[PDB]
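Here's a solo chain for you in C-alpha cells, the form deposited in one PDB entry.
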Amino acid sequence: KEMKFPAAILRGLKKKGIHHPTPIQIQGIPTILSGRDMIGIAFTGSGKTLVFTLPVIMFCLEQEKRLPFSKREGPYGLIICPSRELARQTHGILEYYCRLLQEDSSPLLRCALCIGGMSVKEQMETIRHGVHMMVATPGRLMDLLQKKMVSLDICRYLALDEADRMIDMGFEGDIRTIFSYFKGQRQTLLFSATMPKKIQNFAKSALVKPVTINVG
C-alpha cells in the first residue's frame, strides 16, 4: 500500500495516458500484488508486464533493502513459459526493466533463464551469483528442482504464461510436479489466450479464489 513505482515508470505510463498507477493497481485494475490469484484471458505483452512483471520487480527491490545476515538464493518471482524462444524474449524484457530501475539509484536485479539448450557458460553465469527473477520452461525446471539445483523457498510470485499452449503441448504433469516444490504460499497468475473447459479445470487445480480479468 505504501509501494510506489519510481519516476521512469511513472513518466512512461503518463505518456500513454495512465495516471496515478501503483504497484497494486493500474487504473483500478488489480495487479498480482493485491492479495489475489488471477486468471488473465487474452492479455498482450504490455498488459502482462503491467499486472505481473513490473509489480513483481518492485517487490524484489523492496525485499533487497533489509536482507537477513545469511542470505538465501531466490528467486522471489518465477515466470514459466511454453517455449525456449518465448522464455528468452520474456527474459530479455525483464533484464530491460531491471536495468531501467537500477539507474533509479540502486544495485542490479539479476534474472535467470532456465531452459534447455543453454551452454555450460550460459548455465553458470545465470545461476551462481544471485537470482531474483527466473524465467523457465516446465521440463528443465522440474529437472533442476528434482536434482536440487534450484530452490523455490522464497518465491512468492508465479506466472504461468500461455497456460493453454502449455497444456496443449503436454506440460501439465510437469507443472503439477513444480507446484509440489513450493513450501510456502504463492500468489499465482494464469495467462491464457482463451479459456475452454480443459483450462478451466487446470485453473481450479492451480489457483485459489482467483480474480478474473477477461479481455477476449
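We call the rigid core whatever largest set of C-alpha positions still superposes within 1.5 Å between the two forms. Numbering follows the first chain given and starts at 1. First, how it differs from the form deposited in another entry.
Remark: with the core as the superposition reference, the CA shift of residue 180 between the two forms stays below 2 Å.
For residue 167, a C-alpha deviation below 2 angstroms is recorded between the two forms after rigid-core alignment. If you fit the rigid core between the two forms, you'll see the Cα of residue 204 move by less than 2 angstroms.
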Contents of the next structure:
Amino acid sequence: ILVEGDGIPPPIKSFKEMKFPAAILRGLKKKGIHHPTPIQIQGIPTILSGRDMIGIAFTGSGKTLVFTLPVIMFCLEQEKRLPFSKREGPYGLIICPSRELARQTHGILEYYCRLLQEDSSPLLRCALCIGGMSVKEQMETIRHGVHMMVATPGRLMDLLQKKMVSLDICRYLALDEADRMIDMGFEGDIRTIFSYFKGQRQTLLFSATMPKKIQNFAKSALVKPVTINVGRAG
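Let's see the other form, the form deposited in another entry, since the form deposited in one PDB entry is already up.
For this one, just the chain is written down, with no partner chains and no other molecules.
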C-alpha cells in the first residue's frame, strides 16, 4: 500500500480500536469480516479524521467498508445530538455508477442501521435514488427525512433540479467507481451536483484507475486529500 499526503492519520489494525459501536462489530463478524484489509487499516482512520480521501482500489479490497461505516457513525452522532426532522437530509450521500451497485451499498447501510436499532440506537433512514423507481416512492422516503442517500448521478441531478432533494445539510459525499462514472458520461452531472452544496463537505473518491482525466477531476472535487493506493496486486 502506498499513502500520499500531509498529516496522515495513523493506521489502525483492528476494528475494535477504530471505535465502531458493538452492534457494528457484531455485524462484521456475522458477515465473516474479522480483520481489516489494508485500505480499511489506513482509510478508516483517514475518514474518521474528517480529511478528504482518494482510494485507488477495486472490488475485493474492502473499500466499501471505508466509505459506509464512517458515514453511519457520523449520522448516528448527529441523530443523537438533534433528531432529524421531516424533509431534512441527506447528511451523507454516496454516488455510484449503476443501479445494482447502489442497491448493494444501500443494503449494506440498512443492514448496519438495523443492527444499531436492535441494540437501542435510533433507526437511521437510508434512501435509494436510482432509476426504475417512481416519484411516489422517492418523495415518500424523503418526506420523513433521510440520514444517508445512495444515488446514481443522473437520477440525483433530476431530483435536485426538481427541488425534491436538497444538499443543504450534506457534509459527506463519497464517489464509488468515479472512473466508471466519468467513462459512462456522468462527469458533468457530478460536477453540477457539487455546485448544489451551499457549504463545506468531506469528499471521498474511490477509483480502480487514475488516468489524467480522473486526476484532474479529483483536483477539482477534493481538498487536500490523503491518497491511499492499494496497488495493482493487493
